[PDB]
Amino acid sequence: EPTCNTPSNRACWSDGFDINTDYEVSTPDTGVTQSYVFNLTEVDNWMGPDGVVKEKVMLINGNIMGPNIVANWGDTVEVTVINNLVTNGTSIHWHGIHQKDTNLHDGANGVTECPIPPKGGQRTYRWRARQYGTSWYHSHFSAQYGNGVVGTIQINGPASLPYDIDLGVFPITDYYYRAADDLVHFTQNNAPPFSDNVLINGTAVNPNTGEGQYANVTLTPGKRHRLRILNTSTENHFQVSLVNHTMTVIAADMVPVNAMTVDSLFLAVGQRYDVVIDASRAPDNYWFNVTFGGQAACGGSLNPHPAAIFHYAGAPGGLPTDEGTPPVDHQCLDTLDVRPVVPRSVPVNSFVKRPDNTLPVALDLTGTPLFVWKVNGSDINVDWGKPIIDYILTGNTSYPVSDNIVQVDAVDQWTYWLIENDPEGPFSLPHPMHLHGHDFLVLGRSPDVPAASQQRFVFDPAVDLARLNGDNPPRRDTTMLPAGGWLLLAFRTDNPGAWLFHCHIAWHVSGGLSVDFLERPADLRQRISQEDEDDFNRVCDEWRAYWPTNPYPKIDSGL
């Protein structure tokens, strides 16, 4: 908990801890634990926020999102998850939480654990808050989170700018009336649909019926407000802007950055930005707009103008009256202009593309179903009843090809990775690439061009080394893989474990778009505590015993 964190000095946190402390190697010892229970249930014919009745939802504690997790830098977070769905297993991934030597609590069913069985299955996750900022959690059971199994994480800590009010979490998500599993089946043979609506902080207005409500945020005039924006969608990538206001970014994902004032922001799926907003405009009501760019290549909604209201306290009630100005087209790309407060530096003056450091993404339209995604020649397909961790605990090293294991034995070294976006395929799409267990450095990407321009780019050392940035590049957990192009990433092998790396569009990871970095398997087997081993076995026991009774087939990757 904080001892010197105030509106005038958000840079300070407590004795020996501030915005400049390297939070990757230094953690406050609070001795405090925050507890939550997530009770999952399945509801049919559920009337949602915009009036529309949905066939089926799967909810945490009977709400549209689960608990808002709130703790301090250095606390422990402990969550009991109880699966009262009918047929589905479940696993909760803590997106943005590195799980430093807690790989078994990562929530990747088929990798770190088996799914928690239905009809009362239970498991407790426990992790340390070694990073402060805005994150989120969600099911990793195929596309299950598309049904409602999702919520926010707020870990308090220092910030790179002074601010007066913390408005809290502000999750933005696409919203589909059809259920996740039908959408998985749909996207296996059909391009993904636009979203029926966009929920902002849990609420939206129906574009046809006018039912539902606008998110309504009250700003205190003259004050600096921290707003924690998240994109918790399954596919939609968002552009956001506040009419007649700027936003000053103070963090990207769970990494604080030097303050950057912008008129608008692109958020890929899974991305977060903490911003500061100054209520220094005439007291009034202002639209907060969700827009799309990129020639629909990274999403869209059937609601043409999803919005929230920003209301100055003391202003009249009612709807904003200035519809404002369309933001610049972000071309399905996040900004590489952010600079982490705590710096990292690495050499970018030489690189050789090789099979062992290249991950070629490929759309295969030649099998069944129609749309199958492959990485390095293979579509991922995990075994819920036999996670990689079971191999580790059993000394078995013959992993199925379908597990897309990329084994990395280097101890605490920087590793570089070239991701190629189907430069020779029929067509290519932007993908939000997400890495479990670490933040990566974004050293660079193919030239920024319009998202649907069909331009194809292969890494060329001769011209591309010069475009790389090794001097405190963007560091975060999610970044865009340009359509038709490439992305050059780097992470340090400081955390033994099995760590998924995949596109975060539910339909694409469903259809195979992922690898699994097996980081220091040898060190891993040694760091698994007896309590994690026993509990891993207990849960796998119960799943394996349940699965032969499940009425439904596994129809996708499992992720």
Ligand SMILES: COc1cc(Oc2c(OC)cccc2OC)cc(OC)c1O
Contents of the next structure:
2 protein chains.
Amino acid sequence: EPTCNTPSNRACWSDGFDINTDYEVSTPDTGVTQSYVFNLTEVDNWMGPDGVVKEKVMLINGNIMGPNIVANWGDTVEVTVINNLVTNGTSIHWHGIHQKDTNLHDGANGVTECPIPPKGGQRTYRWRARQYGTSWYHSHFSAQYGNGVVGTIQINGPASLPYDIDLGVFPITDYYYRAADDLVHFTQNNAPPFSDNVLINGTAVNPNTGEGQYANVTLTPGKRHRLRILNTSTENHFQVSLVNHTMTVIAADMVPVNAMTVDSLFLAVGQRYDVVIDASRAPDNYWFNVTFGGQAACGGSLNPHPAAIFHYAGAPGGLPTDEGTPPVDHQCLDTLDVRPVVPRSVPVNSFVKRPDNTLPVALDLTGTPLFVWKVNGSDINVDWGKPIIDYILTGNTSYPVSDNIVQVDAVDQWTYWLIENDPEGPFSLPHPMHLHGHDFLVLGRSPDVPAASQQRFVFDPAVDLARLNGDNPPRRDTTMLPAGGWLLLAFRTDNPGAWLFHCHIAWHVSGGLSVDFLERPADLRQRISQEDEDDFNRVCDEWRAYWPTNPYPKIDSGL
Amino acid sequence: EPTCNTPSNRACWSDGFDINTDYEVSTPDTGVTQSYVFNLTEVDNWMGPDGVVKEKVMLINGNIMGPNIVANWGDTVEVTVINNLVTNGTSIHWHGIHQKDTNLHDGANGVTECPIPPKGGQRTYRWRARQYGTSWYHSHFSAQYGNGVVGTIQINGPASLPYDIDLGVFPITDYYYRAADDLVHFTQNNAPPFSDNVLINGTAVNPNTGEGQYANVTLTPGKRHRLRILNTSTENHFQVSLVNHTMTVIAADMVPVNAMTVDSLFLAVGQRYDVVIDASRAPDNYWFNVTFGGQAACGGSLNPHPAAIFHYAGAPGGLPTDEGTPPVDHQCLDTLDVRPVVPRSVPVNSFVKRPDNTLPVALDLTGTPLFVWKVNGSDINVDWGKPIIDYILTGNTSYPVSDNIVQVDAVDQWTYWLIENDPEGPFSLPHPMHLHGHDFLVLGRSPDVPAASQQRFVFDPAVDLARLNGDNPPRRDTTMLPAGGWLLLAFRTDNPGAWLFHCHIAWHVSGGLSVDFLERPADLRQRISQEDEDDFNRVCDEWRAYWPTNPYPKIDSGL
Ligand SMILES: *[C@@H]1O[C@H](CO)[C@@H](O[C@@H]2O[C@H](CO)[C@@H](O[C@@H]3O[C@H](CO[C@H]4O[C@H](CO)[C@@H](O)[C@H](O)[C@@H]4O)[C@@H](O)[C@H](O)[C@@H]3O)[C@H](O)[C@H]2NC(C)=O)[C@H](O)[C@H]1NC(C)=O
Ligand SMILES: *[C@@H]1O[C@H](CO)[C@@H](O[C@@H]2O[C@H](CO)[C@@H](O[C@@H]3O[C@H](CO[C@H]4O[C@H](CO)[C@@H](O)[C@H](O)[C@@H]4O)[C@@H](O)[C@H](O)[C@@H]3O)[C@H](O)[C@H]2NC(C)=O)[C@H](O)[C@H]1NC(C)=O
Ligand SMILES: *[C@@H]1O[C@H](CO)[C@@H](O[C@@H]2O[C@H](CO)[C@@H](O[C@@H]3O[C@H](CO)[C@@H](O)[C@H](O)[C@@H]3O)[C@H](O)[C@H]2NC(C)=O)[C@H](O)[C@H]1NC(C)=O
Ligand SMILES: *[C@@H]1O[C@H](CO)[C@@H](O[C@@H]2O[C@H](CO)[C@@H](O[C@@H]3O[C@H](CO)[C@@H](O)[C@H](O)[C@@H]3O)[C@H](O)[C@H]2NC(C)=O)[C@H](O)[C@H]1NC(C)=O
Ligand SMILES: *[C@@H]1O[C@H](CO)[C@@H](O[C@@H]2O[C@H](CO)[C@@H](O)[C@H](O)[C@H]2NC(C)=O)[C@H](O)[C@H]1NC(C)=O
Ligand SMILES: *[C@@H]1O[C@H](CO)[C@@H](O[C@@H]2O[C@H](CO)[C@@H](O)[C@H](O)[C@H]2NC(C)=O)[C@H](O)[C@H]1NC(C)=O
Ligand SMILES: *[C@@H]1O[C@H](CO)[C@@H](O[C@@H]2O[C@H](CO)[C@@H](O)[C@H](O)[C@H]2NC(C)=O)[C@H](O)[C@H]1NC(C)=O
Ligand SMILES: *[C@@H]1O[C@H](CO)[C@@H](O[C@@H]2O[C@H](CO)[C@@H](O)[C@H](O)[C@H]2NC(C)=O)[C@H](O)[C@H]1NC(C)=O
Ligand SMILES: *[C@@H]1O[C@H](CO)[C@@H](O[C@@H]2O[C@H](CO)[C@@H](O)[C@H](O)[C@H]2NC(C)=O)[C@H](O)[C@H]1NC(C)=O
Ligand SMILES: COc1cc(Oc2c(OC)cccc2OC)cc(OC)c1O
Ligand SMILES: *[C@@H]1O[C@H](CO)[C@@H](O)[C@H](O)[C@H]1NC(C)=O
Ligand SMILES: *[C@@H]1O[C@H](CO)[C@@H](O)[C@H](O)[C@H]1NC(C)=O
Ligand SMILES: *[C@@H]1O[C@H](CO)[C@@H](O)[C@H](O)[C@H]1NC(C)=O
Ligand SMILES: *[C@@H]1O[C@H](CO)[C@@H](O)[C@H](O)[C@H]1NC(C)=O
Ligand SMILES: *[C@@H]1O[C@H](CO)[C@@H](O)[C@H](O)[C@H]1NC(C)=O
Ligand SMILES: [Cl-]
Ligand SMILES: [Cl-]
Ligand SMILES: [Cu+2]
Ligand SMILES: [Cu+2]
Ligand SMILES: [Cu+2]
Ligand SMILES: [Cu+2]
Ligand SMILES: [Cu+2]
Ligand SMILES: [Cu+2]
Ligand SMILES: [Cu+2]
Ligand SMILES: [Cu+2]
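Having displayed the form solved without this ligand, please output the structure of the form solved in complex with this ligand.
Next comes the full complex, and the chain you just saw is listed first.
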């Protein structure tokens, strides 16, 4: 609970807690639990928000998105998930929530848990809100979240700028009429489709029929509004802009940053930005536009102009009349100009590329199916019925090759990872890389070039060491791996657990694009509570009893 | 020679010859020959127009482009080509010149001739200018034209609008620092690169160093100017526009059309447009912008804003100050709104899709090299030392499978061709299809959609017959096959000969994307003069003697 967070002083929170507190090591002790129940159901012939009926969706509590989780910094969040799907298992991952010493609540099926079985299986997740800001949750059972198993998280806390009104969450997502499993199958042998539409806060107009509605955000004239923008897509990467208005970024993913004013923002799959918008213009209706850059390298939609309306209270109704100017093309790249409020510094002039710190991403066309993604020579394929944690609990170190284990034994040390984007392959695509259990530092990437140009870069220390930044670089949970290039990341090994690190494009992680960082496995075993172990075993027993009865095969990585 | 062609009456030409004359069957007898000599040399470490030195170019008469060929309607054009290259053969194709009953002058090596050998080989081409308008010529010896063996053709004649000043030719081309053979090799196993620059009428500024010059066109205030725009690229497809001005199309390729005013034009590789521009704006300097659409599906450049300067005579010098607005995205499609002055009419209701009128294009990834393009199951591969004409002249009908012969015996009849763009492949690209020996009618294509959307269409008579147009449809020599879709063309068998029909993206035809229409072969043999036969055999004898001594292999289709 806050005691001194006001519109003119958003920096403050409570005694000993403010915007400069190192939230990674210090958390308010509130004693409060916010609980939720997620009832997952399978709905056929569901009428979506743009008027088109979908074959099948999988919904939490009967809505397009699950409950908007809301709590205060230091609260505990507890969610009982009840799987009433017909065939699919499920596992809810809390994206952006680092699960400090709570790895078994990460929701990574095949890694930290077996899936919750259908026809009534249940599991209760319980995690501490040790970071404030805007995050989201979604199923990690193959590409199930593309069917509807997705929602938002708002953990309240201090901010790096004053503002008057918190508009709350604003999820933006691609929308397909085909079901997720259909699309996984299709993308195994075909380039992925454009989205049929892009929903903004749950709604959109159909570009063909005009059915549906624009999201409509009412701004209070003269007021400063915090808007929490998310990209909850399966594939599309968005540029966003508001006609005649700037946006001032105050957080990236769940990391507060120094205020940064911009005309447009790029959001990768899984990324979030908290912005402050001043309703300082003439009262009127203004378009909030979703647009695509990078010449389709990171998505497109069959709706040519997905948009929301921002309406000044007391202005006339109807639609905006100013179409605006197109934003700069972001070329499928997130900005590296954001600077966290609470700083980190690491050396970069000692980095040496080696097999054991390099992660070569490659598209392998030689097998079946056609599109298989490999990291360091292997496409990930996890065992839903024998998760990595089962090996840990049984003291078995014979991890299958397909689990793509990268064991990291270093204790609370900075570790450096060079990710290489198929620089020798026939073609390369941008990939939104996402790390569980940690924020990483973005130390640098290959030079910014047009995303579709097929220019390639291999890390060359004689030119590239000088291009790295270890002095409070961007810190977050998702960032772009440039088409044909490389990305250098660091994270500190402060959190024993098995942590996925994967491209967040659904089709690609389905197709194998992940590794699993096994961080300090010796320490992990000691820190698993009897309750967590017992419940892990309970759910695994039920899943293993269920699986033989499933009418459908597993067709992908499981992730 | 014209006798009544004036600025106020461009429709007139001479007695019995005007804009309405069927130029496909009636030609002025002028008795004039315009002759040229093309001396091809190989130049290492050549300074190009943007300040960058290229490893190797292949030039006609020591210049970036060969002679502008200029003649009148009904003149004869004669060109002696002398091949002073070190290793390569050569063969000059006159793109847009239909070569009516002069098939052996078409310059298609492996089809209508053997290549002219290096170290001083020579051959004289002679053709009747039976069409007026703007065309171009280029080597057809693999992708050699990408090294510099390229130039323009202007055959004067009447026009569909009055105008004051003929500004002449304005070729626009992609420009690569890498030589053509290196790019063929690269594109056999890799997606093609963006161009390093785009030259406009021979020049460009370097996007990195600022070296070079903008093309500078001086407009006479209040005057109507004809500008002859061409795309002489190896791969890039261009959108063009002039800030604050419209352009009125008066011809498409070599076909005069009813005046059509537009804000921007899409030019496929090998396409031409004659436009009339009125200098009716405020006297100033205006940008002529080259832009890319279709989400990089039909090319891009590492120069983000290639442009030329249009200067009003009497205005200040220096650079334009208005950046203007981006044109409509043409989505890699030429317009089907053009309507030829001299009409043609064919039935479309009666078309039935059959194997013998369908040309399925496919990318085959299963062989060596990776990218091989096949039409109706076969990647074309010509024999430079045994051209199709050699088979004709020796009465040999055992054409190799790889010559992709489509024999068309119909005498002077309309023939209908459905080209299908790999609708069941994993990934499809737009292709600029070009026919030798004829203009074709563009009867229809699959629905216009975003080029990178990967939406696929298979011809369906129940919906598509109604979407065809046989009432004076666009008529020209090059048009776009839509990504993932289909294109229906028609041509009349009025010209016996062996005629290539191929994608004009150099990398694609090199990789096999062509067929060879063998039109009325019996009539063809009857029509070959003893002079044409003796000279064909002469060059073949020389080429065949040369080839065993060549130090390099043939690594592609030969075309
Ligand atoms: C999780 O639950 C999902 C929802 O029930 C399961 O997805 C189903 O999985 C099966 C088996 O993989 C699919 O069946 C195959 O579908 C293809 C394509 O059929 C569809 O599309 C074509 C072409 O447009 C159309 O003609 C059909 O009407 C379908 O709409 C067929 O060709 C195959 O023969 C086969 O039937 C289902 O399509 C798929 N359903 C959906 C809605 O995604 C999934 O398997 C479950 N996962 C697990 C691990 O239990
Ligand atoms: C027509 O004349 C052309 C001009 O001489 C001939 O083109 C040459 O063809 C040869 C044989 O294929 C090429 O040699 C190959 O080059 C590749 C790639 O080398 C590249 O990379 C190195 C550095 O890594 C660089 O030094 C080069 O410049 C290239 O960029 C090699 O991997 C092969 O082993 C082989 O050497 C020539 O590169 C190519 N030259 C040019 C300028 O294009 C062509 O073969 C002639 N055609 C015929 C049929 O006679
Ligand atoms: C922001 O989003 C808005 C709303 O989607 C966009 O407005 C739309 O702009 C397009 C393109 O200019 C308009 O379509 C055009 O309609 C006219 C008919 O008047 C027609 O000439 C064209 O063929 C074209 O289809 C569309 O009317 C308009 N939508 C609405 C509801 O006003 C706007 O372009 C977006 N701005 C940016 C910078 O992305
Ligand atoms: C038509 O072609 C011209 C000439 O290439 C284009 O003008 C160029 O426009 C770009 C984009 O606005 C300018 O680049 C920008 O410059 C500013 C200021 O230096 C810089 O802050 C940006 O980072 C960016 O580099 C460029 O100055 C300008 N070129 C010149 C010589 O004036 C124009 O955009 C084209 N128009 C269309 C519709 O394509
Ligand atoms: C996003 O859409 C939701 C719809 O759920 C909006 O939340 C509703 O807002 C209206 C008006 O303020 C209230 O009557 C409802 O009680 C709200 N519903 C819920 C479930 O919270 C929300 O305002 C939208 N966000 C923005 C920024 O416009
Ligand atoms: C967006 O929402 C607002 C409600 O906040 C609507 O604004 C009202 O519009 C009506 C007329 O349409 C006016 O009578 C009211 O006075 C407006 N209220 C406020 C608070 O300003 C607006 O119409 C909505 N826009 C759309 C497209 O539905
Ligand atoms: C990627 O795979 C290679 C194997 O090809 C790994 O390289 C080995 O790493 C181990 C452990 O550090 C060393 O003991 C060996 O010397 C390496 N073998 C070779 C052939 O170099 C590499 O560690 C893997 N990288 C990651 C990050 O997982
Ligand atoms: C484009 O060409 C025109 C015509 O040569 C140049 O126009 C001259 O500009 C100078 C000033 O630089 C004047 O003194 C002349 O009187 C102009 N001539 C005419 C006929 O208008 C122009 O400078 C060139 N532009 C560029 C960018 O070099
Ligand atoms: C494409 O290839 C197919 C297969 O070789 C050709 O189809 C044959 O055409 C002949 C002549 O009409 C028929 O007698 C055969 O029945 C066809 N065979 C099959 C398997 O259908 C077809 O003609 C080729 N098309 C073109 C345009 O060259
Ligand atoms: C791996 O699957 C894909 C294939 C694509 O198609 C190709 C392409 O198009 C951009 C260019 C070159 C090769 C491609 O693969 C067949 C494009 C994709 O991007 C959305 C893509 O994800
Ligand atoms: C889940 O929701 C369905 C549909 O509303 C309902 O019938 C069922 O009882 C719910 N089950 C649980 C455990 O909440
Ligand atoms: C250890 O795990 C491997 C791989 O799953 C398995 O085959 C083996 O039997 C396990 N051993 C024990 C003792 O559990
Ligand atoms: C061709 O040009 C070269 C270089 O200019 C010259 O030396 C040579 O003599 C010319 N050959 C002929 C036959 O024109
Ligand atoms: C093109 O360049 C040529 C030669 O450099 C020049 O004579 C001609 O005027 C230019 N054409 C135009 C339209 O500017
Ligand atoms: C046709 O040409 C091939 C290749 O040169 C030859 O082997 C064959 O004998 C020729 N047949 C006839 C009928 O001349
Ligand atoms: Cl996470
Ligand atoms: Cl031609
Ligand atoms: Cu996620
Ligand atoms: Cu996550
Ligand atoms: Cu990816
Ligand atoms: Cu994940
Ligand atoms: Cu050509
Ligand atoms: Cu041609
Ligand atoms: Cu092509
Ligand atoms: Cu050709």
